[PDB]
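Not every chain of the complex is shown here; the ones you see sit where they belong.
Read from first to last, the chains carry the letters A and B; within each, the first residue is number 1.
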């Protein structure tokens, strides 16, 4: 009953989490959170974005109107999902700049198509083929009009179509490439055709291509597809002496957040802002490792599969030398605070959380948590990131852009966690130290630091006296004479 | 009279500034500075860069020699400013890869055109048109030479021009597409023409397509513009059996800092390194929010409109627990230093700045200031970042590259300020602590820490005595017996 002991301590937990810092790759903290999303449900949620499942229709085939894609007439989407099993079932074609036309239609988000009354005099219209069957019958792309001779004549076609609305019109037409010279003249009479499609500030000028090619659905002929945008006040002109595969009208163009993704993931009823080819994913985390291909408000793709952000002090079951230092050891039995006090006196032993120091640590970690978890990444139509054919220069640059980006983000994420972690350990160490010092300063000359986080208080200090220390109102003058006597034999 | 008090503390100002740190979204420091440039005069300064106002001439029209653009002949520039009201008033034309021709001329910085002694045998030269009037007369592009039949013949043209110089020559030439067959033969006799322009390492062939395009300034025909760069030692050769629109010469090519910008900002007499479409901007700050399109030594575009870097300590009207810690509270009355001393003694009271500690904090903050505002970014011709027409793949990539870059820089800026600010707060705290500990150490056993940043000095300590503490020459043996006697009653 002549002295007391008061020791400062901090909590610890039986199972901690290993995190990475600036100086240690493996240091144990009381608690952490995962910043990389690395899993998916495997399914694409159908809200909030308007998902159109292309099923066995590539957007291009929907656009041209391959008979097996008629259900997609006038459809709209925020995201068109294109499946890899999808195939073409009409006249064989190619699209110079396929990727661009697929991109610009993807991006526009609609197949809304308006028929117009092109006046095609002196040709047979509605040319059809065995390669584009409707049931047992010859057929063709719904949105195009294959013209051939009437009788023995294919005249110079020369028609116009003014755009008098105040949206942009997308026209999609083509040129037919016959197999032989015989075929060119049987169909179009002239030996060399040409197709000139123009506006007031643009043109396209195409000569047909001749030769035997491999049969696709019975045919060696082909069509190359071309497109033209006609602005308000402008006009489409089409001029041709053979081989024209005429548009029937225009597609409406829109701007907005629409896009296209290659995925075989099923569509499901649920809500997710972020879509990948592997399925929708949560965007509570700032990073993800699921896929570099995303649509919507998503974590940023990084190469790491896990990045643990520390949310607690170091676990002992820093710059200041208190935690894992002169305080030998955490207290697992302190479960209502991060920091506090154990005492021993005449009336027995006890333990109290310190609230102010506990809150200061938690506040500061919440602050870096709020900065870090506060999501800022919403992207829609972007670039292609996987490729089905080898191409060279353009594809090289596309991959290299993305590869560059991913390494830069991966690095920022790696650094950020290592920094934030070092700093969390150290600021938690600091708060412990600051409490100890605050206590030392209250004791003035009535106590000595025992070297282990505890002070020997050189006077009778009951539970009320000890509380006075914990709440910061200890009055050292009251006890000085007594203490100095025990401490130094003064009087 | 028989003891003194010496208190430490630090300055404070009535109204400080709110900054962001690693741990707080909002925390007040004495002084801060803005790192985002977000305003502009609206006007483009005419030095130190050579600014050429294109007015109503697109560079393309200046290049080709639209008669309304004659004043631009042989012009030079560091930056050609292109206006939106600019329009074309010559023969209607298209330029496949318009943007490459525009880019490489913009980058070359010059329209210096050298006229060469081309021989066109058997053809009529200087064809003209109602679409490209020169006063009351029909006219044409100054830089091109429209060739037509002579009498009843248009010969196979085969003409060459060696490059015997040590610089690259840019040849701009064209191909004429007539309206009808009648026109093709009236002009060129041949039913189908053709141009082939070749060097030892390159060849281009264009076949014109006859036909009607929309009436522009009275004309249905068109001209398409192509280009060839001939290296030193190489030879230009031109081959044509009709439809050639010949070069009269070439443009000198330069490399350097030149570029082109779209803007309607007026030009003004002033000095700015950095130009944006919105006007020139100062470049003392390291970031800006005005426009992603810049020319010259510019702050880097970031998404944030403001980012305040702290240039002073925390304002109290840290890891170390001194400032806003055991020192309750700053001193508004301390105006000649950041840190100092106040005392109560025998001869009255007083205050003095500590210079060493004030300087060390200031120096450290100036150090990071120099790092951060040190102008390092000078960029000239880049990629276009705004587009008037939809194009697909290539535009997608250009937008993605810029948007990637901006996000990465906005991040760097965000983190930097957050880091710098946490560390400034903490280093200013440390300096206060270091000074207090310095003082405690000098006092030895002659004073006691009162716990609030002050020492009770247990001896008569007059102004000279106090000064000896502030200048670090206090001799504790002189006072020790006196002090130990008042603390401990030794005598």
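Heads up, the rule we're going with is that a residue touches a chain if its C-beta (ideal position, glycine included) is under 8 Å from a C-beta of that chain, and two chains touch if they have at least 3 such contacts.
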{"item": "With 2 chains placed, the number the full structure-file assembly comprises", "value": "3"}
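The rule we apply is simple: only the chains that are shown with their structure count from here on.
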{"item": "Superposing rotation of chain A relative to chain B, computed on C-alpha atoms, to nearest 5°", "value": "120"}
{"item": "Contacting residues of chain A [partner chain B, same complex]", "value": "97, 99-104, 107, 158, 160, 168, 194-196, 198-203, 205-207, 229, 235, 237, 239-240, 253, 319-320, 363-365, 367-368, 370-371, 377, 379, 381-383, 394, 397-398, 401, 404-405, 408-409, 412, 416, 419-420, 423, 426-427, 430, 433-434, 437-438, 441-442, 444-445, 484, 488, 490-491"}
{"item": "Chain A-touching residues of chain B, taken from the complex the two chains share", "value": "21-25, 92, 94, 177, 207-214, 216, 222, 224, 319-321, 325-326, 389-394, 396-397, 400-401, 403-404, 407-408, 411, 415, 418-419, 422, 448-449, 451, 487-489"}
